[PDB]
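Q: Next come the chains, spelled out residue by residue.
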Amino acid sequence: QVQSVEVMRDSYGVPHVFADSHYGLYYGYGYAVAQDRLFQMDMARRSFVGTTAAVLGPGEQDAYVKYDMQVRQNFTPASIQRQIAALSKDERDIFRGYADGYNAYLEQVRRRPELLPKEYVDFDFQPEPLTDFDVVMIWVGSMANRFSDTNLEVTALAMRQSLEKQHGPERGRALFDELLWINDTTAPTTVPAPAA
Amino acid sequence: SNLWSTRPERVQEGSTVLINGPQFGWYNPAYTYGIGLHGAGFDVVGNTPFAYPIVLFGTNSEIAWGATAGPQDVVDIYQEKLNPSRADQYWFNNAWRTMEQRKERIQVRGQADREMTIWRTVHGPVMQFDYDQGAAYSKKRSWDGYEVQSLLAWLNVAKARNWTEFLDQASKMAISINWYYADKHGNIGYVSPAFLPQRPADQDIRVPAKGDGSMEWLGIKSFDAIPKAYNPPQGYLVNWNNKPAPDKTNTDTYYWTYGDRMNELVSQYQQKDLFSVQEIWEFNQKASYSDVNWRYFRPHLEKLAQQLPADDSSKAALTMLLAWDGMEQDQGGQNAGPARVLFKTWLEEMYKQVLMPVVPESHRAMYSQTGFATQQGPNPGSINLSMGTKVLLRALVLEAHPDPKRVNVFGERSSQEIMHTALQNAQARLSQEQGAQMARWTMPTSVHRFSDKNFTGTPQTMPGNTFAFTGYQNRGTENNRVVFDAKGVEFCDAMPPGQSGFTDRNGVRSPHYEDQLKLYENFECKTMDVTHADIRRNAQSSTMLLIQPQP
Ligand SMILES: [Ca+2]
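Chains as they are written, first to last, in this note's numbering: chain A, 1 to 196; chain B, 1 to 551.
With the rest of the complex left out, here is chain A:
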């Protein structure tokens, strides 16, 4: 298995990758991302894996170390580990090619210090290579871990409890149904045509 990938830049600087395999298509893709957003992606990955405090912090008031643990609560590393491994070679190549491609340019900045982003010197730390685990983590961390893990159940219950001690338990839940409603008014708007 030997091939070639070409990364093309348009008038606005967006890459167009041409390859014959899954590995190559994301090797070039991961490669171009390292050129445009080396520090952002490093800090994105560290945010969703929970290694922010490792480079900066803690603080001001132990905020970094307080999130690194907090993110560890919201993801079980063993579950994702076996999930990735079960994938077929072709499906595994998307994450491997991406990680290997991102590191391809990342080892140029280790050899050519002139290509190092200003952020690394100002923050006084080194760029770290990316793994296929880290690639998946960026999604489930800012994809289904930000827009799909959203929950306000505990604070909704704490509302009932506070109301039930000042108005409850007869009129404590009646005001609770007005503030938070199980089902919406039926008057609201829906994107899917409601029998109309």
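There could be a bad hint or two in this list.
[Unchecked claim] For each label pair, taking beta carbons as the anchor points, the in silico distance ranges come out as:
1) B:378 / A:3: 43 to 51 Å
2) A:112 / B:272: 53 to 61 Å
3) A:60 / B:505: 21 to 29 Å
4) B:134 / A:124: 46 to 54 Å
5) A:76 / B:504: 39 to 47 Å
6) A:182 / B:377: 32 to 40 Å
7) A:2 / B:505: 34 to 42 Å
8) B:172 / A:2: 29 to 37 Å
These are calculated hints, taken from the structure and not from any lab test.
Note that CB positions come from ideal geometry on N, CA and C, so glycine has one too.
Dock chain B with the ligand against the given chain A, drawing on the hints supplied.
A: Chain B with the ligand alone, transformed into the frame defined by chain A:
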């Protein structure tokens, strides 16, 4: 996040238009990365957040797709009694069950490593411990164990050529997410795929279920429970963070009412019979500035003004407000109109004697916030309507249609009695500090901002590296448009500021660092090359890489 897609029935130039506006908030460098993947079966073009392997917003000359937030309850929390003796042992069924434990190592720069322990029950990880109440709250996800399956299923919409293949890939999705469909033939669709749990009828969706094993899910709903809207009689589909389907309930986190921001986009379809692609692209400008909650209080404020004695009832305020459109036009910093200042302060006075006494003080702020943007930070992104504005709106419905079992927030008062007082209180509030001259009523205009860090608080760049607007626009973090014509397809986006967050160590920036900030401000589009001939012809810089993928 706002998407609106139309079909040739409604557009003059007979084309399937699909405009999507993802709302994540505005950050520097760009939240989004634009790419084209061509080869190995893949032929896609567009942009995606966090430079995902998946292209979230793109077209492939066969199907244009988009995405907004998923409004479905896939996460239930369970409360369990902890043994007063052994705090590390909960209760499932039918006796005390030992809690699982995994310990984690956190590296800290300059300081020694800190060690934590994460608790997990039969349901999931324990998010909160309450020792004195003797209860721990655990988090159960419906999509747990189906993360990578969701990535690939989302990723393979690129391969999809028709509508029926799109659901074949949407079915595999376990997370809650709104998917939108458009193709070259004039067909538009909408899917909201999620692993929906069959939950017991005893469960109150607002609050946690019981962890004593009495209240447990019965499994996963069949795929017919997922909201599916394909080709509608109206000739358009439009979503702005609202209900997924008529026959749907409110998520523990998402509560809607008849006052919804999507009315600011829908209303424009009812304006004309047939519009051009430029006009549908111009639907955004009328939505970026228009006030979200003004549409619903206007008839209440108008009804008062006309029925009021024009003799001396302070009608001078009501006559300067009703002519005002939701738009927030400003002037070199200061707002041109007194109306938005008075509407803001009126809403706060409506909270002061409406949702102040009834709502507990702890989360009182959750209900008594106004919502819309001010020059002073911070700005989330989507204005929308606060919980207090919503409770006030459906209480008006409750007064109009009394339910004897149900309790009203107005109570001993009419809706207009409080409104009248709140308007006078707002006038007295502006008259007390403000110049006190309706002819000078001004609040400083909202300023659009690009954070030097992601939503988590983690810095993407050196502190201070930010961008500002005039100028605030309530739109997407990025704006893409897809047009289909007998000729072909056209991808039209303009993700600001640029596609390069690279700063040369000296200090100079990449030429494409902000080459997309002036056109986003002006609602202009940048053309993305889609057909190979265009990519071949229009590419300025080409670099070739030689590799061999071996174990
Ligand atoms: Ca829930």
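Q: The hint says 34 to 42 Å between residue 2 of chain A and residue 505 of chain B; measuring C-beta to C-beta, is that right?
A: Between residue 2 of chain A and residue 505 of chain B, where Cβ atoms are some 35 Å apart, the hint holds.
Q: Do the Cβ positions of residue 60 of chain A and residue 505 of chain B conform to the proposed distance bound of 21 to 29 Å?
A: holds, 27 Å
Q: Indicate whether the distance between the beta carbons of residue 112 of chain A and residue 272 of chain B respects the range 53 to 61 Å.
A: holds, 58 Å
Q: In this structure, is the beta-carbon distance linking residue 378 of chain B and residue 3 of chain A contained in 43 to 51 Å?
A: At roughly 47 Å between Cβ atoms, residue 3 of chain A and residue 378 of chain B fall inside 43 to 51 Å, so the hint holds.
Q: Can the suggested window of 29 to 37 Å be confirmed for the beta-carbon pair residue 172 of chain B and residue 2 of chain A?
A: Cβ of residue 172 of chain B to Cβ of residue 2 of chain A: about 33 Å, so the range 29 to 37 Å holds.
Q: For the range 46 to 54 Å, tell me whether the beta carbons of residue 134 of chain B and residue 124 of chain A fit it or not.
A: Because 47 Å falls inside the window, the suggested range holds.
Q: Okay, residue 76 of chain A versus residue 504 of chain B on CB: inside 39 to 47 Å?
A: Because 41 Å falls inside the window, the suggested range holds.
Q: Using the C-beta atoms of residue 182 of chain A and residue 377 of chain B, is the stated range 32 to 40 Å upheld?
A: holds, 35 Å
Hint check: no violations occur; every hint is consistent with the structure.
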